[PDB]
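2 protein chains.
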Amino acid sequence: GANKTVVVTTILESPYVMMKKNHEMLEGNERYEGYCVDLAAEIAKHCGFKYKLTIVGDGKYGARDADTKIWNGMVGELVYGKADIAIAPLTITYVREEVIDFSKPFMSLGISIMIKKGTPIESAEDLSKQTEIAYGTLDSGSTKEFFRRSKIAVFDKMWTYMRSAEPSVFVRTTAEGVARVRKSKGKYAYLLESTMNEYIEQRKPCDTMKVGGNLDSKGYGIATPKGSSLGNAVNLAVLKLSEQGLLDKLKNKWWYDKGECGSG
Amino acid sequence: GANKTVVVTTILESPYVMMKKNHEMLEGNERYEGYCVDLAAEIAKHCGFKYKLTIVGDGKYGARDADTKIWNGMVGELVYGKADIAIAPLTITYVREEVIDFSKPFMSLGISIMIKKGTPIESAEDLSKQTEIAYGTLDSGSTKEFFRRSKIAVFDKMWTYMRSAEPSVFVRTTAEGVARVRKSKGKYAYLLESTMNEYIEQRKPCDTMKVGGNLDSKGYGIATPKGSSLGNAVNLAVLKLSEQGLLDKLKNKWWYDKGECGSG
Ligand SMILES: O=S1(=O)NCN(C2CC2)c2cc(Cl)sc21
Ligand SMILES: O=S1(=O)NCN(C2CC2)c2cc(Cl)sc21
Ligand SMILES: N[C@@H](CCC(=O)O)C(=O)O
Ligand SMILES: N[C@@H](CCC(=O)O)C(=O)O
Ligand SMILES: [Cl-]
Ligand SMILES: [Cl-]
Ligand SMILES: [Zn+2]
Ligand SMILES: [Zn+2]
Ligand SMILES: [Zn+2]
Ligand SMILES: [Zn+2]
Ligand SMILES: [Zn+2]
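Order-wise, the sequence lines are chains A and B.
One point on numbering: in the entry's author numbering, the residue at position 192 of the first sequence is 192, and numbering is uninterrupted.
One point on numbering: in the entry's author numbering, the residue at position 185 of the second sequence is 185, and numbering is uninterrupted.
Worth flagging that the hints you see were computed from the coordinates, not collected in a lab.
Hints may contain errors.
Identical copies look the same in the list; a pair holds intra-copy or inter-copy alike.
Derived PhoX-like pairs (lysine-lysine); straight-line CA-CA distance at most 20 Å [as the list claims (entries may be wrong)]:
(1) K251 - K20
(2) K151 - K253
(3) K251 - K204
(4) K249 - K45
(5) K249 - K151
(6) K50 - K187
(7) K151 - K251
(8) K183 - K204
(9) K240 - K151
(10) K144 - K240
(11) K4 - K251
(12) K226 - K240
(13) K144 - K117
(14) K240 - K52
Given only the sequences and the hints, what does the whole structure look like? Please build it.
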């Protein structure tokens, strides 16, 4: 039938989607800025739709409750028909691709380690062989599920520690994890995606660092409900923006051009 | 109908698919070894099909002739019904995704520069701003099409040079490009995918190296004819094997565990 405004679910996560400084005097999509705000505008332009950015109600990326089988987060908003598309740092995973569609990836990432500068940690293996430095991940996200489901030796060992550690090593938001690194005098390391790690590394007070290689290799995709008619066009739009260099331009714009820790 | 043997198109490109040293005494799929041979066996087992590996008849990856509009290479074998699936270092691109389906990527790559050691080149900009050192790409591939289509100034300048260079700077096979680097005393640099560059860097005589950053960021996907009933299972299998670490293991097996230029 007639064209309808597309409901976009997304998540407040720097530098993907942020409230503008003067957001309180702005309306609708103009309240927000960031990589995914720019990406949404480009996708909509190339696919020919109007859209409304909405922040995911529960603040979560998306995981399935093992007892009720109900999906939360942005994934749930797609599954249950509350949003038409998710444009966010939403990680492509097997279990999610069973219930929603993902475009080809628009950004690469892997799980990585954030330390406060000077922490004597260089790798996941180092973390797994000590207990002085606690370490954890974000809840309801792909990083936690990676460790939970993993049968890889070192990652299995880390999960056995994290799931039982008291007090909890898990956090509800990326910001909470970063703050915990910064205020723990080196006694907490945060496991998070390399994209977010590398962003924070270039933000004041310039006291965190990514260390070691990434633990895996995956990416973020634009997600739609299974079988949605938007999926085909959105997938091609991602590939076009990739081939034009726009994804590279936007990454530089939001990570490094704005960097606060020097011109390195 | 009854299950039928799946025809896999692939290409002789090291270390993805190679003839075994004793292949004349072997039959069928056993004649071949390499990363994509191993991957094909896993994809087939996880999706529950029998398969036959076949080497693409024309030795090409896939490009559309601008006049006849016929697709050649592995893409053509899928488009015209000669093969059911491609399991090969076949690059995801916009123009290909319009006519065939790609799985989520099973390996990352970007266009990169191969030099003979000691060549005074550190970047694509360096190449573009001089004339003593020639440079070119493979034929009928995604790297050539990237330069042909690029609107980025440095890459536009490089294409303007390469398309008019005489004698031709393009090569028919990767081996021809590498041999040209090795015999040109530093006066030829080869533009090829980082995966193949890194592999050759670890092969005797250890006289080439990858220099500079990559020029773009993309990946290889398993390709099927548009609308194939195999695509969904293959896509989920790639993601499962990615999460379980298979892809990282196979990359190390065929690139680095067998490297001939030291334990660097
Ligand atoms: O989760 S994936 O779709 N597949 C796994 N990989 C690795 C190259 C193998 C990947 C990289 C992206 Cl960038 S997105 C994805
Ligand atoms: O050609 S893609 O499907 N999309 C573009 N990218 C870049 C992360 C943006 C990518 C990486 C892969 Cl690995 S596969 C692909
Ligand atoms: N991008 C992740 C959230 C961050 C994390 O889990 O580290 C997801 O889609 O679940
Ligand atoms: N992987 C490329 C071939 C190699 C290249 O173009 O550098 C393709 O699919 O066309
Ligand atoms: Cl997941
Ligand atoms: Cl192409
Ligand atoms: Zn406010
Ligand atoms: Zn655009
Ligand atoms: Zn519950
Ligand atoms: Zn376990
Ligand atoms: Zn297997």
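For this session: Quick one: which hint numbers does this structure break? Sort them smallest to largest.
Result: Per hint list: 6, 11, 13, 14 violated.
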